[PDB]
Amino acid sequence: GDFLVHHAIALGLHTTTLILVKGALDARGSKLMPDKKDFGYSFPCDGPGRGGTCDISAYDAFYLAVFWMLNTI
Amino acid sequence: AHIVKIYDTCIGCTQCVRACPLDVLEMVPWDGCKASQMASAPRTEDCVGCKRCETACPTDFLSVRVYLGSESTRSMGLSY
Amino acid sequence: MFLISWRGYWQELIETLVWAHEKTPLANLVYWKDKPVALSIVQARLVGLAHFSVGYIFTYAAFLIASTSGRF
Amino acid sequence: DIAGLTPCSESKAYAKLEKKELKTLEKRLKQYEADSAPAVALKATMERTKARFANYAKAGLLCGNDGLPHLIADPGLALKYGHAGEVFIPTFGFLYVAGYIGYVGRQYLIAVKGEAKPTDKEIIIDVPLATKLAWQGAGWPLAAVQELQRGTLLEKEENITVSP
Amino acid sequence: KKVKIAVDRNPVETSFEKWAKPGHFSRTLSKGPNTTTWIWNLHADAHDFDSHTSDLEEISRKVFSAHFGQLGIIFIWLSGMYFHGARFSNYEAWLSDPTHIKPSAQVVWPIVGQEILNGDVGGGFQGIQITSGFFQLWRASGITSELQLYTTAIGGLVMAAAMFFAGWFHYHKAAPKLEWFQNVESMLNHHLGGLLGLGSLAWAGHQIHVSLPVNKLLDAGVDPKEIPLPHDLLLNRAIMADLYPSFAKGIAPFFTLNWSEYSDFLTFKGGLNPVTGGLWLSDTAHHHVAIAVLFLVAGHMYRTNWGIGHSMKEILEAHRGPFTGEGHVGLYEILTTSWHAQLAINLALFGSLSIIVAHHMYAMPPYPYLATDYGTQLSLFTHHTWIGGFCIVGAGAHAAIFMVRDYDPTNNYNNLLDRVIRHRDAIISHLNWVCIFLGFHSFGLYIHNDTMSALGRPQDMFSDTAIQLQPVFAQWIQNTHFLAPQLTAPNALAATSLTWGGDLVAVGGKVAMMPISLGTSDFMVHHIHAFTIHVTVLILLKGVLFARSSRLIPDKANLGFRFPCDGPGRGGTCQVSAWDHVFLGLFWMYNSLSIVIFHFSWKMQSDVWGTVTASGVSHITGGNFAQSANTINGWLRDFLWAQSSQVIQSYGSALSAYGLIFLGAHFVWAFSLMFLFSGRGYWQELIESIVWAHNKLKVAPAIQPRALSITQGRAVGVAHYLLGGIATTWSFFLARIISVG
Amino acid sequence: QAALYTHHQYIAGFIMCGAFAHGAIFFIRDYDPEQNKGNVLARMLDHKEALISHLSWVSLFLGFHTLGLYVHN
Amino acid sequence: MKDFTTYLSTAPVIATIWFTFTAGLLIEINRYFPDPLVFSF
Amino acid sequence: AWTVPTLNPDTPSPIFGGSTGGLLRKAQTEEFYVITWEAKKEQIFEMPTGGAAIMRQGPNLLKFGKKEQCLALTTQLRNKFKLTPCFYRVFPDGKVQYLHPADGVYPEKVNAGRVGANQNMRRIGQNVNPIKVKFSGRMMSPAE
Ligand code: CLA
Ligand code: CLA
Ligand code: CLA
Ligand code: CLA
Ligand SMILES: CC1=C(/C=C/C(C)=C/C=C/C(C)=C/C=C/C=C(C)/C=C/C=C(C)/C=C/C2=C(C)CCCC2(C)C)C(C)(C)CCC1
Ligand SMILES: CC1=C(/C=C/C(C)=C\C=C\C(C)=C\C=C\C=C(C)/C=C/C=C(C)/C=C/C2=C(C)CCCC2(C)C)C(C)(C)CCC1
Ligand SMILES: CC1=C(C/C=C(\C)CCC[C@H](C)CCC[C@H](C)CCCC(C)C)C(=O)c2ccccc2C1=O
Ligand code: SF4
Ligand code: SF4
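Protein chains in written order, with the working numbering: chain W, 1 to 73; chain E, 1 to 80; chain V, 1 to 72; chain R, 1 to 164; chain L, 1 to 741; chain H, 1 to 73; chain U, 1 to 41; chain Y, 1 to 144.
Please note that the accuracy of each hint is not assured.
[Stated by the list, open to error] With a straight-line Cα cutoff of 30 Å, these simulated BS3-like cross-link-like pairs (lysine-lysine) come out:
1) R:43 - U:2
2) R:50 - R:80
3) L:696 - W:31
4) L:173 - U:2
5) Y:41 - L:313
6) L:177 - L:1
7) R:121 - L:18
8) R:113 - L:696
9) L:21 - R:132
10) L:696 - R:132
11) V:23 - Y:95
12) R:43 - R:16
13) R:58 - R:19
14) L:173 - L:31
15) Y:132 - E:5
16) R:113 - L:21
17) Y:95 - V:35
18) Y:134 - H:37
19) W:31 - E:5
20) V:33 - V:23
21) Y:109 - E:34
22) W:31 - Y:132
23) L:698 - R:132
24) L:510 - L:269
Keep in mind the hints are simulated off the structure, nothing from the lab.
Work out the full structure: start from the sequences and follow the hints.
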């Protein structure tokens, strides 16, 4: 059981860093939005265009990582 | 008010003006494309920021670009 | 509620409430100084995350303290 | 006894749990006629149960204090103490089939890129090409290391990035 | 003839050539994939026939043959339930002792240890205890042999092939024209007359001639292989005259109007059969006879080809008054030229029918040995309330699809619909008020009881031993319906159910039905129901009325029914479509109906169900609804925590699959919160970062990976949310009530 | 003991997700590529796709096999 | 029936044939070789 | 020929029984927007505030609270009905402001003489980094 739950903890740590590192490195841009640094850190979206851009900002990727953080802890 | 800038990648196909629900955008003479025309944003006081203009821009890495700025009673789209 | 429901349902609801306040007799006298709008998108994220985290912490704190100090 | 453990053929909690399961099956069996269709299936469940306990005690699995078999997931404690069939043999019995599927799908993609329009043969899979790559993918680690020695396994920085 | 058959010979050539081309129906999807959004748009736009073509004739042909496809699937389903009741069941055993043998009709294969699910249901049989109530149907029909089940299963396969052939015929070979479908008067005359009227006349015939004598011989106590076969009940009038001594007079009292002589087998008893706990089948026989006469009268109402009858356009255009402008003018032309406007009304009233069925089948249990099978009662109530709530939300959806697509302001000037659009702000504002009022004065009563019980102040609570909120109106209705056989229904031998008052029917030592007292907690939960139903109406009706425009977005109808938003502008316009309103109404239908089925499952286990000893009947949960449902902690402790104590320790038993699904639906539900809380611009960039890894190892797919759409991710989130919540409650209910019921 | 452990573990989880939050604010507001020509902070953004794809692999492996062994048991 | 065989070669039809094949292979294996926790000989 | 037309309230409104979606106190305190169009025949149009009105032959005058409501009405008059509407801006002190076709020509067609505001003579990938625009008084985008 401690094997299984230490790998659950490793799942939580690696997924929380996946969300946070992906928010920190795509903070300046991505192929969906190459000028994300022009809008700043916190902004809603870039509209419905290009498929839809809900939760595209780096703030919104901290945001989804707080859920996986509370999950891990 | 929101910040609506356009860029010289404009092909002058005037789709942002037809897509604009607020008449912020209009087509101006220019000599950097085959259509001999480029957009403009003279009326960014009336912009809400709904970004229908840059759902309609065909150029890769959009030529029109709305930057969400301060919100007045016209930028919030209020009848009240 | 701030996580699943997003803003634009609520702005359409608040516009009907603005109508109801500005057409009610004797409540026309009372008028706001800030125009009522719904919470913005980033704000909806922060409020839903804040309630999520506060309910998470308060649930597990009540469970932890009671579950340990009840039998001990 | 590798890490505080015990063989399952030695421990008594394992035999007590076998007798517990057979006791539940026996008191379940006591309701029916001895030749009826539920009683045949209950005795077949008992036979599969006893065969399962005999073949878990035969393979030398390690029980704990709980009476349950354990898996030593380290080579050098599985190879030295005869537990390689726990993890160390299926960790290659899996990876052969994993790299098999990952090679068959890779070659099906690469053999359909150079066509008129590839996407129609990804919703409508070319079955003779698929079964040809299914059969001839049997020696995938061989072809994978021969493809890695070229550099034709990877692609260079012709790949698509954003703004480094 | 204005009303006539009018078809088109060979409109669509039967070929597999368009099965080879996915997306042939759509103008945009026919070019093939370039993007994984294509294959989701293929399945999403598959049955949206109104967006494929604009020809209403072609749309009507597609929706008329798709209904034959659904009917063929229902006949496959029913025929499979009859076949699984024939070949894999204890129904033969269950007919000899339908009080100690559990109904089972599903047997598993013994492979991976799943043969533990073949539990000891009794009768020398192992299988999964079913809860769908088919065995009580089959006793009420007079089956008595698995040969009859096997032959009606073969008849169901034949009828499913008839339905599939019928859809093939009426789409490909001889498909009806548009003005065939627009004869709604003939459709109503034939459906009230032939479907509803003749169908209940035929079921009246089966009940008079087959099920009344067979169930009378069962209730007297006769082995089912000793009972005469029902064809020996048709041919021999002497056996029917032995069972009901007015069959000796033949059909002469029917044509001499001496119908009182038929009172041996068409009764108005009411109450329950005390032998079996169900309704009297003579009473249901006279029921379907009267229903048959009523609907055959009703199906001669509308004018088709002779001058007699009504025409519905003249009915609608006459009912107009001073308050409502032009009245019902134009409603005939929008309920004849729009399928979504029909599907709104039909899903509304059909989902209301499911809930009325659910409340009318616990209180008046219509089947023998149904009421004491507590698991069947609970699952039937829960099933039909969920089907009803889904159909009501679909009503709210397709009304708004009518508002977006098929609404025309030219055809609707100053009628009812235009005047409702012109005071939608008043409607939604007053409904906003009444939802806030019901929320405070319903849920704040529970918060008040929580606070007073936590502050050591149990006298200040809302309970029966405290501040009382008695449901005076429902108690008065219970008194009048219990005293209805006295003077307002003088030919009723008993009340129409036992819930109104009186004694209890006890069958097999278990309570079939007993009177239901309505106290303070019943008041509080009925106002919780009124609150949640009004909020679901608020969301769905706000989506219908503001489907085309609002003060926020004035051109919402140009954006469509199903669009995500209109960007971050004007404050943010997330979830402004009508699709997003029925998305949010699905959660409140879940919220409402979960409390409805919880209130059922705890009111029945507290105050109705349980064993009897004729020594002060002891219920299942001991009688703690009125005594402990004052508080949210009472619903937590005494209902969720206390009654989950059989789904959580179900492992190592036949109920252990309910132990698994209870975990698994806790998974799927929470899995939905990945889709509801997050957004697309995260996942598209994550897909970019792994498309790079598939580019580096030359395994990028040609169909390019995209994140799900905005209104697709909302659909995935609400679908997984509903599945994981409803299946959690499914496993909880069934593992509770199979064990302790 | 339970309160102190759970207290400082949630404090540590919030502070560790805010470390990455302000690391994301750094790349938008403070980062200059012409000032950071070729250092570790630019090579990090250079192979950001490799970082996010390997965190995605580790998280996907850990979740697949941890949930698989729990559902198996 | 060339169009019927192209329909049989579409993605969900190949998916539901291949998953029944790989399901009913492992199912026949676990019938003829019950309970394989460990690689025996 | 065309030079900035004026407005009178004497022109009639289309026949409409009145909705609850009309003007609010912003119309009386801040501003409200009026739209004019000349119709050729009497026909039914959908209000942007909900409901159907029938326009009458000749000049019409209809008042709204948003520019999006007026431009949505022009969008459905120019597309469904091929009319040529124009809307203005009215403040409560009587000051009226011509808003739509400033130059007479609709904005999706070049009038050869309007001035190109808010144009960047550079590509959007050539924006500066936000470190270069830091401490510019207010918070500021690199697109400036
Ligand atoms: C008395 C004549 C009669 C009867 C019984 C029905 C019965 C039905 N109609 Mg219907 N219809 C009729 C006349 C009739 N119609 C006329 C005159 C018109 C034209 C104005 C229509 C136009 C119409 C449409 C447009 C649709 C229906 C649909 C339906 C079905 C509703 C679903 C249901 O309750 O399933 C109950 C199931 C049963 C009763 C099972 C028994 C099946 C019987 C044998 C077939 C129905 C009787 C059939 C009309 C007799 C014709 C036999 C054929 C060889 C000519 C039902 C089968 C809907 C549907 O589902 O279509 C498939 C639908 O979309 N009807
Ligand atoms: C437990 C969670 C929860 C709660 C309390 C609410 C609360 C509410 N929702 Mg909501 N919602 C939720 C979850 C919840 N939602 C979720 C998960 C979704 C996702 C789909 C939605 C989606 C949703 C929609 C789409 C709509 C609502 C609506 C409403 C309102 C209707 C109830 C009302 O007005 O009664 C009054 C308020 C309550 C019962 C809340 C509790 C108040 C208690 C009883 C007493 C007050 C506290 C007391 C004064 C002490 C104050 C202390 C002081 C220090 C401040 C209300 C604001 C509707 C609305 O706003 O229109 C009416 C509406 O349209 N919600
Ligand atoms: C040494 C600690 C430290 C410091 C100095 C800062 C400083 C800063 N952060 Mg940072 N941050 C930190 C830790 C820190 N942070 C941690 C640990 C996290 C993870 C939680 C974050 C997450 C974070 C984000 C995501 C953002 C910042 C931002 C900011 C900047 C603006 C501050 C702001 O918005 O204040 C105002 C802050 C508030 C009004 C807080 C809101 C209230 C919160 C939700 C608490 C509510 C709980 C509630 C009261 C509980 C009551 C229960 C009730 C029942 C009684 C500023 C440079 C922002 C920025 O730079 O903008 C671009 C930004 O977007 N930070
Ligand atoms: C119980 C809820 C739940 C679950 C299961 C997950 C699962 C996951 N999240 Mg998370 N997430 C959640 C809630 C949840 N999340 C919430 C509430 C949020 C806030 C919005 C997030 C936000 C979030 C972000 C922001 C990220 C994730 C990521 C991930 C993935 C991590 C990799 C992994 O573990 O793969 C293991 C996979 C699983 C555990 C689920 C698979 C289930 C089985 C194995 C699939 C097959 C079952 C069966 C055959 C299917 C039959 C279906 C049908 C035919 C009947 C994984 C898919 C990250 C990611 O994508 O990593 C690549 C990521 O970036 N999540
Ligand atoms: C074995 C052992 C040992 C050792 C230990 C060690 C060596 C440890 C280490 C550890 C470590 C080594 C740790 C680390 C950690 C790290 C971390 C935790 C990090 C984090 C990061 C972050 C958070 C980031 C942030 C950011 C970003 C996002 C980007 C850029 C910007 C910045 C930087 C801000 C000894 C012998 C002594 C003892 C015994 C045991
Ligand atoms: C084998 C496999 C695996 C795994 C998997 C898993 C892990 C799963 C899980 C899953 C989970 C973790 C959970 C789940 C759950 C499920 C569910 C839960 C389902 C459901 C379904 C249904 C179908 C339902 C139905 C119903 C009911 C019952 C109620 C109401 C009514 C209805 C009908 C709706 C892997 C990957 C390794 C590999 C591949 C394959
Ligand atoms: C996880 C997630 C995704 C990512 C989900 C991806 C796009 C789909 C998940 C994988 C699907 C199931 C495709 C995988 C199966 C393929 C058909 C390949 C099958 C191969 C064999 C099994 C045959 C979103 O796109 C999204 C969008 C909006 C809000 C929330 C979310 C969201 O939470
Ligand atoms: S939908 Fe996407 S874009 Fe439109 S508002 Fe919500 S988040 Fe911003
Ligand atoms: S942006 Fe796109 S649409 Fe607007 S002008 Fe330039 S090209 Fe034409």
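A quick look at each hint next to the structure:
A hinted pair counts as satisfied when its Cα atoms are at most 30 Å apart, and residue 43 (chain R) with residue 2 (chain U) does not qualify at roughly 51 Å. For the hint linking residue 50 (chain R) to residue 80 (chain R), the alpha-carbon distance of about 29 Å falls within 30 Å, and the restraint holds. The straight-line distance between the Cα atoms of residue 696 (chain L) and residue 31 (chain W) is roughly 16 Å, inside the 30 Å bound, and the hint therefore holds. With a C-alpha separation of about 23 Å, the suggested pair residue 173 (chain L) and residue 2 (chain U) falls inside the 30 Å cut-off, and the hint holds.
Annotation: proposed proximity of residue 41 (chain Y) to residue 313 (chain L) holds, straight-line Cα distance about 29 Å (limit 30 Å). Under the criterion of a C-alpha separation no larger than 30 Å, the hint pairing residue 177 (chain L) with residue 1 (chain L) is consistent with the structure, at around 15 Å. For the hint linking residue 121 (chain R) to residue 18 (chain L), the alpha-carbon distance of about 16 Å falls within 30 Å, and the restraint holds. Between the alpha carbons of residue 113 (chain R) and residue 696 (chain L) the distance comes to roughly 15 Å, so the proposed pair stays at or under 30 Å and holds.
As the CA atoms of residue 21 (chain L) and residue 132 (chain R) are separated by approximately 24 Å, the hinted pair is consistent with the 30 Å bound. Restraint check: the Cα-Cα separation between residue 696 (chain L) and residue 132 (chain R) comes to about 25 Å, which is no more than 30 Å; the hinted pair holds. A threshold of 30 Å between alpha carbons decides the hint, and for residue 23 (chain V) with residue 95 (chain Y) the separation of about 27 Å falls inside it, so the pair holds. Under the criterion of a C-alpha separation no larger than 30 Å, the hint pairing residue 43 (chain R) with residue 16 (chain R) is consistent with the structure, at around 19 Å.
A distance of roughly 18 Å separates the Cα atoms of residue 58 (chain R) and residue 19 (chain R); the hinted pair therefore holds under the 30 Å criterion. At most 30 Å may separate the alpha-carbon atoms for a hinted pair to count; residue 173 (chain L) and residue 31 (chain L) meet this at roughly 28 Å. Restraint check for residue 132 (chain Y) and residue 5 (chain E): the C-alpha separation of about 19 Å stays at or below 30 Å, so the hint holds. The straight-line distance between the Cα atoms of residue 113 (chain R) and residue 21 (chain L) is roughly 20 Å, inside the 30 Å bound, and the hint therefore holds.
Between residue 95 (chain Y) and residue 35 (chain V) the CA atoms are separated by roughly 24 Å; this keeps the pair inside 30 Å, and the hint holds. A C-alpha spacing of about 20 Å is found between residue 134 (chain Y) and residue 37 (chain H), which places the hinted pair at or below 30 Å, so the restraint holds. Of the pairs offered as hints, the one joining residue 31 (chain W) and residue 5 (chain E) holds, with about 21 Å between alpha carbons and a cut-off of 30 Å not exceeded. At most 30 Å may separate the alpha-carbon atoms for a hinted pair to count; residue 33 (chain V) and residue 23 (chain V) meet this at roughly 17 Å.
For the proposed pair residue 109 (chain Y) and residue 34 (chain E), the alpha carbon gap of about 15 Å is at most 30 Å, so the pair holds. A C-alpha spacing of about 23 Å is found between residue 31 (chain W) and residue 132 (chain Y), which places the hinted pair at or below 30 Å, so the restraint holds. A C-alpha spacing of about 20 Å is found between residue 698 (chain L) and residue 132 (chain R), which places the hinted pair at or below 30 Å, so the restraint holds. Of the pairs offered as hints, the one joining residue 510 (chain L) and residue 269 (chain L) holds, with about 22 Å between alpha carbons and a cut-off of 30 Å not exceeded.
The structure does not agree with numbered hint 1 stated previously, though it agrees with all others.
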